[PDB]
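In the form deposited without its partner chain, a lone chain appears below as C-alpha cells.
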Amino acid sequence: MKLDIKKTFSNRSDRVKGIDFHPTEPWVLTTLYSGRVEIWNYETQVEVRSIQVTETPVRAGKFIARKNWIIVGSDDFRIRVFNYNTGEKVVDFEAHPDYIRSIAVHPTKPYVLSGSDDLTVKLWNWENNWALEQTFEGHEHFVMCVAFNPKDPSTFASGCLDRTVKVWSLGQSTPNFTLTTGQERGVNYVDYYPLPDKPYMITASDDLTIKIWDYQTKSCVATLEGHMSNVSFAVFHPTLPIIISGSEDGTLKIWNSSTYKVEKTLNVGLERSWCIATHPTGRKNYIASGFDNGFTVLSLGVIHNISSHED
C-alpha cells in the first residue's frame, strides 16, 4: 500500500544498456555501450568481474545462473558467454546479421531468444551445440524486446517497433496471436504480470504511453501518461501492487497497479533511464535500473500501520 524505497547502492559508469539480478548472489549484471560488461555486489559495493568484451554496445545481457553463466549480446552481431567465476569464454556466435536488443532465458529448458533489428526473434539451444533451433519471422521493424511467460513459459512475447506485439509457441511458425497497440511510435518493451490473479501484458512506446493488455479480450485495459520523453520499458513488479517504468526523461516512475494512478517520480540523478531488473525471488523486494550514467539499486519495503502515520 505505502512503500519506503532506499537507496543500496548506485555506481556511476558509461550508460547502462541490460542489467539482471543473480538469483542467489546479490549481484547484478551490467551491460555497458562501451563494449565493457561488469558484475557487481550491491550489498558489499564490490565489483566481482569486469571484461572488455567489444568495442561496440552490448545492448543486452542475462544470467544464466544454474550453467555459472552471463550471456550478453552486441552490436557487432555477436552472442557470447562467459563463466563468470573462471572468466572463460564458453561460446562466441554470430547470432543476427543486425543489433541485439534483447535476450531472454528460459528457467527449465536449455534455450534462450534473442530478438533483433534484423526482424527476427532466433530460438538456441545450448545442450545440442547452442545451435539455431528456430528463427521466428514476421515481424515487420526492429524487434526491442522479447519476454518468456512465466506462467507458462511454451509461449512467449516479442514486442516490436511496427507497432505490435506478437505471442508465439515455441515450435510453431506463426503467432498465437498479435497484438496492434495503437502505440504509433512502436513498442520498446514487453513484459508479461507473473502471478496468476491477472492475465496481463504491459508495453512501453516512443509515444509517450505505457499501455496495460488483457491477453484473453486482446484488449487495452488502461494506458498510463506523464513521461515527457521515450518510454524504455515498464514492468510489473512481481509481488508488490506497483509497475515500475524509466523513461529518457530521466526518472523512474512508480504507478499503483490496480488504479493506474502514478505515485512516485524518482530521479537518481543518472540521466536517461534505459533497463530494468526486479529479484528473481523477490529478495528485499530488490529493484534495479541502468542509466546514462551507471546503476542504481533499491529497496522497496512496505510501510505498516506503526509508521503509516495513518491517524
The other form holds:
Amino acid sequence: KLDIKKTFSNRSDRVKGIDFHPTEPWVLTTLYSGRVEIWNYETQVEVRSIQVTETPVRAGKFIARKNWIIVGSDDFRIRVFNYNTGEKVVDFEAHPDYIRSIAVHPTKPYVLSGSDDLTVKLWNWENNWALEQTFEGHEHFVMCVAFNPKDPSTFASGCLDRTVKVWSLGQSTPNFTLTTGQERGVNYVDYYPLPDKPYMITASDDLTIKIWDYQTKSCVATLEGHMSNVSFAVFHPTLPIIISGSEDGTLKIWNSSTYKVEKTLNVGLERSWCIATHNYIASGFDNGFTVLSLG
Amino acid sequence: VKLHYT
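Just the form deposited without its partner chain so far, so send over the form solved in complex with its partner chain.
What follows is the whole complex; the chain from before opens it.
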C-alpha cells in the first residue's frame, strides 16, 4: 500500500546518526558539527538540542526505558544525556579512535560500540558503565553493530575488512565470519526482524547490497542500482520492503520478495548517511533529514 | 589517512 507522504523535513548540518523514539513522536539526529537534535516531527518543534562536542557525532540512540540518549563522537567519547532534564549522566572515553556505531540491547542494560580501533566494546550501564568485554578479530574499521532481535545474546559487526562477524556475548571469538565478497568493505549490517527468515543484509562502498542466510552463510540476493557508496540497507520491520540510502543522494525501496527496486527517491538533501524505522522512516543527509510515512 | 572521514 505504498503512499510515500512527506511528514517532516528540516535543513541542518550533515546528519550522521538518526533514531526514532518508540512511544513519543520524536526523532534524534546526530550531526557532523557535534550538535544533536531531538525533534517532535508531528508538531515540528525541537524538544531538546545539544552542542555535545566540536567533532562529528556519528552514532546516537534513544534508550527509552531510561529516558536517555546515548551518543558517540570522533573525540573518542560516549556521552549519555537524560532528554527530560537535559543533564549529562555519563561521559567517558570509549575507544582510542572514532566511534562509528552504537547498538542498545532490547532488554538487558548493554550498549555496543564499534570503532576504528578495530573492536566492538560492551558497556553495562547497571555496572557503572563498565567495559565488560572487547570483541577482537576485525582487521579494519568496525562500521556497524546490531543485535539479533530474535536472539540478542548474539550480534553482528560490519567492517571495512570486508567481513561480517557474528558474536555471542561472553564469548571471545566469532560464532562465524561472513566473507561478503564486498571487497571495498561493509558499511552497514541489519537483521530481518521476523522469525520466518534467518536473514542479514549488508551495504558496501562497492555499490552492492547483499542478503545473507545466517544459518548457511549463503548469499540469497545481490541488490544493484546505487551509483555511489551505499551507507545503509535495512529490512522494514512491518512492510515487505528493504530500504537503502547512498552517497549518490537517493533512497531506494526494494521488494523484499523479488529483490527488485520499487521506488527511487532523491529527497534533495545530497548524500544519504543513516536510516531509522519506527510506517514512519527517517534518513539523515548532508543537508538535513526527512521523516517519511509510507502508509 | 582516515577512510570514511566524511
